[PDB]
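Next comes just one chain, in structure tokens: the form deposited in one PDB entry.
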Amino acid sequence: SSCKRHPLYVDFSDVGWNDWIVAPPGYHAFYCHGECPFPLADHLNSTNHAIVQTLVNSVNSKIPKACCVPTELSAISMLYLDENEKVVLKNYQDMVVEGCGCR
């Protein structure tokens, strides 16, 4: 199926980070996956380069297709245990997929 956003919840206990991330317990990160077909439709937010590469791949299949990746990301705040036992608040950019496209 075509490039789209898929669910992915990162639970910190599950990945073994609950000893240094004190909050939150996890978050919805999502991920992008799927085909970048010809033509690239409006919702795929493609670059000119991805459009050209898509066309080239149609002529010469040795050139790969464009890839489905995050095209908009948002941040989350986390409380972590620092190299000293200190609890500190940090804004982490680019943690959550808000939209996917072909690049």
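Positions refer to the first chain, counted from 1. In this text, the rigid core denotes the largest set of C-alpha atoms whose superposition between the two forms falls within 1.5 Å. First, how it differs from the form deposited in another entry.
Annotation for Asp94: C-alpha shift under 2 angstroms between these two forms, rigid core superposed. With the core held fixed, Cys32 shows a CA shift below 2 Å between these two forms. Comparing the forms between these two forms on their rigid core, the Cα displacement of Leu44 reaches 2 Å or more.
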Second form
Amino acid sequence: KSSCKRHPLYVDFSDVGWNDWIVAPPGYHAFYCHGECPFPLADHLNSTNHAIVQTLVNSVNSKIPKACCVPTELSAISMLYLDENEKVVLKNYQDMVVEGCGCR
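Now show the form deposited in another entry, given that the preceding structure was the form deposited in one PDB entry.
If you are looking for partners or other molecules, they are not here, because only the chain is given.
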């Protein structure tokens, strides 16, 4: 009884043990998806036909589980680290931040 949404999540690289390699940033806002995928929502989209068929199957036979709340759209962010020579590298990491959730 939450329903599939995006929730915030700031990853502190000290807290996670990446601060030995990432010069910057100190951490980033990754977010995460969480919540249930019921009879209208998994319909609602973004959802795959499969997700629809699955949630419908769940509705008949609850041994088969409902679809899952996951990131359906993500963005990239840039980060900094050092090369062999202690010189900076700026590198763009795909699929880091959740821009949208959905059922799959």
